[PDB]
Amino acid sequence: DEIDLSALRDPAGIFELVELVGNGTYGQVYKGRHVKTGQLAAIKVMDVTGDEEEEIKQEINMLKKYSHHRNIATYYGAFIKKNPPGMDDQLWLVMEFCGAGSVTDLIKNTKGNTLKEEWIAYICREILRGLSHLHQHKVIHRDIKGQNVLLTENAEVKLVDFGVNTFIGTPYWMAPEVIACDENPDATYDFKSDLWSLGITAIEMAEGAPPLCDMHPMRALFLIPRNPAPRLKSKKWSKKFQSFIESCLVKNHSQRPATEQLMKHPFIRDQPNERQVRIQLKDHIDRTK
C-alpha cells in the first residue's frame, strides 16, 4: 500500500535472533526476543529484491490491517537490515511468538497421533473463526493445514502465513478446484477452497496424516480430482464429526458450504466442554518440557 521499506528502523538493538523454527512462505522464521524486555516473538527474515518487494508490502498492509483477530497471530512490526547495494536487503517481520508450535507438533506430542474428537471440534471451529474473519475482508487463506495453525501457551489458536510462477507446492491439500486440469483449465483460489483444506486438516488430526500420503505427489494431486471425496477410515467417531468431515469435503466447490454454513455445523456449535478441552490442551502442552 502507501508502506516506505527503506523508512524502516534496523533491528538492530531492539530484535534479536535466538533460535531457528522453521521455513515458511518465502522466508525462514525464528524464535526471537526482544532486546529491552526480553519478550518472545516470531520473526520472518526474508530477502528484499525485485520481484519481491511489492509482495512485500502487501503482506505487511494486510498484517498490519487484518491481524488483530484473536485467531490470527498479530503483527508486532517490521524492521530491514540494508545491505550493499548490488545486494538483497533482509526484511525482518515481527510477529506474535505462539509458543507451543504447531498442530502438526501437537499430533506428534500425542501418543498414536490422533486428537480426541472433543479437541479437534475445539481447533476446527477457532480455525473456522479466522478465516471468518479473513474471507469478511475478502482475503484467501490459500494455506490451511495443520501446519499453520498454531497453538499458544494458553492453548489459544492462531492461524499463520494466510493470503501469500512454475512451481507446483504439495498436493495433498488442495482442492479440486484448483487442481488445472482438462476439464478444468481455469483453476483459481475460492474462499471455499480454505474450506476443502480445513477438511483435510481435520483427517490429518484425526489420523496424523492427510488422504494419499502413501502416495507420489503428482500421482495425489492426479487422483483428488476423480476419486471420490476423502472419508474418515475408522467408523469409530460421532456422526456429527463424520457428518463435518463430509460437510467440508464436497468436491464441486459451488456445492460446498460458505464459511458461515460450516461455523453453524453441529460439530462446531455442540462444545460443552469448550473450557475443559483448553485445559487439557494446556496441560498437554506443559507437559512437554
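Numbering follows the first chain given and starts at 1. Basically, rigid core = biggest C-alpha set you can superpose within 1.5 Å across the two forms. First, how it differs from the form deposited in another entry.
Superposing the rigid core between the two forms leaves a single residue from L232, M263, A229, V48 with a C-alpha shift of at least 2 Å: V48.
Shown in the overlay between the two forms, fitted on the rigid core, is a CA shift at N23 of 2 Å or greater.
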Given for the second form:
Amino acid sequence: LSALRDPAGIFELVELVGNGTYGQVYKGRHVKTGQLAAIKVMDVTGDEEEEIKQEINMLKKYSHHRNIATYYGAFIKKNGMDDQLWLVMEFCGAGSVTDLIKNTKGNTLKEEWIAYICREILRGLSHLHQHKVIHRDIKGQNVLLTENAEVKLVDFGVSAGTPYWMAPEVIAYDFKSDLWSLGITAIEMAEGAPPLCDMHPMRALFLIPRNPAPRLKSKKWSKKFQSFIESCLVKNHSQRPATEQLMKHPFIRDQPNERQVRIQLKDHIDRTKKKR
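Given the form deposited in one PDB entry above, I would also like to look at the protein as it appears in the form deposited in another entry.
Just this one chain is shown here; partners and other molecules are left out.
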C-alpha cells in the first residue's frame, strides 16, 4: 500500500555510497536513535509501481536472515519534481567485495578469506532457496561487508547489461544458476575480475554457453579451491550440485580460522578507513 509516511524527521540522508544496477544508494541516519541505514532513493512514477511493490514484498518476507541485509521500512518523499521512494535497509559499512578486491594489493584475496565469504554467500543463498527464491544477480558488487566483517547479500531488483556472472542456462532454469554466479564471484575474488571481463557483453553472452566451464588461471591455488570452482561451474545445471551439497564441500566445510579470518578482514577494513 503506497500510502506510506514522509521520511522528514525520521530518516536523513548523509552521503551517497552506491551507484550500480540497484540505483542511487545513500548512507542514511535514523534521527531519534542515530543508527545508520542504507537508503535507496528511487523516483516513483505512474508506470513504474508494480516492480517497486514486488521488491518491497520480497525484502519484507525474505531479508530476515543474518547473511541478507535487513529491510527496515519504506517512505515516500512528497515533492514538476516527481515523488521519491526511500527503501530503508541494514547498513554495511565496509562496502562491497568488489571494493575489497580493488583496495587489496595485487587485486586478489587470500584463499582463506574467499572460503569465509563463499560460505556466508552460500548460507544466505540456502535461506533464499529454502523459500523458493532465486537471487538472479550474485556478484561481488551485491555481496557486502559490515564494519565487523559480517557478509550480507543485497539487490532483489532482478529477483523481482553485464552477463559475466550469468549461468549458461539463463542465457539459453532454477536455484542452481545462483551457484554458477557464486563460482564466478569466487574467481572474481581470486583473479580480481570475472572470466571474459575484457570482452564486450555481446561476445560474453555468445561465449558463455559455448566455451567450457571456466577455471583459475594460476597454479598457486589449492586443490580444494580448484575442486570447489569446478563443482560450482558445471555447464549442465542438472549435474550441478545443490546449495546444501556445496556447503558440505571441503573448501566450505573445512575453515578452521572462522574467528581468525574475520579478525584479519576486520583489520584490513580498519586500514582502509584510517589510511585516507
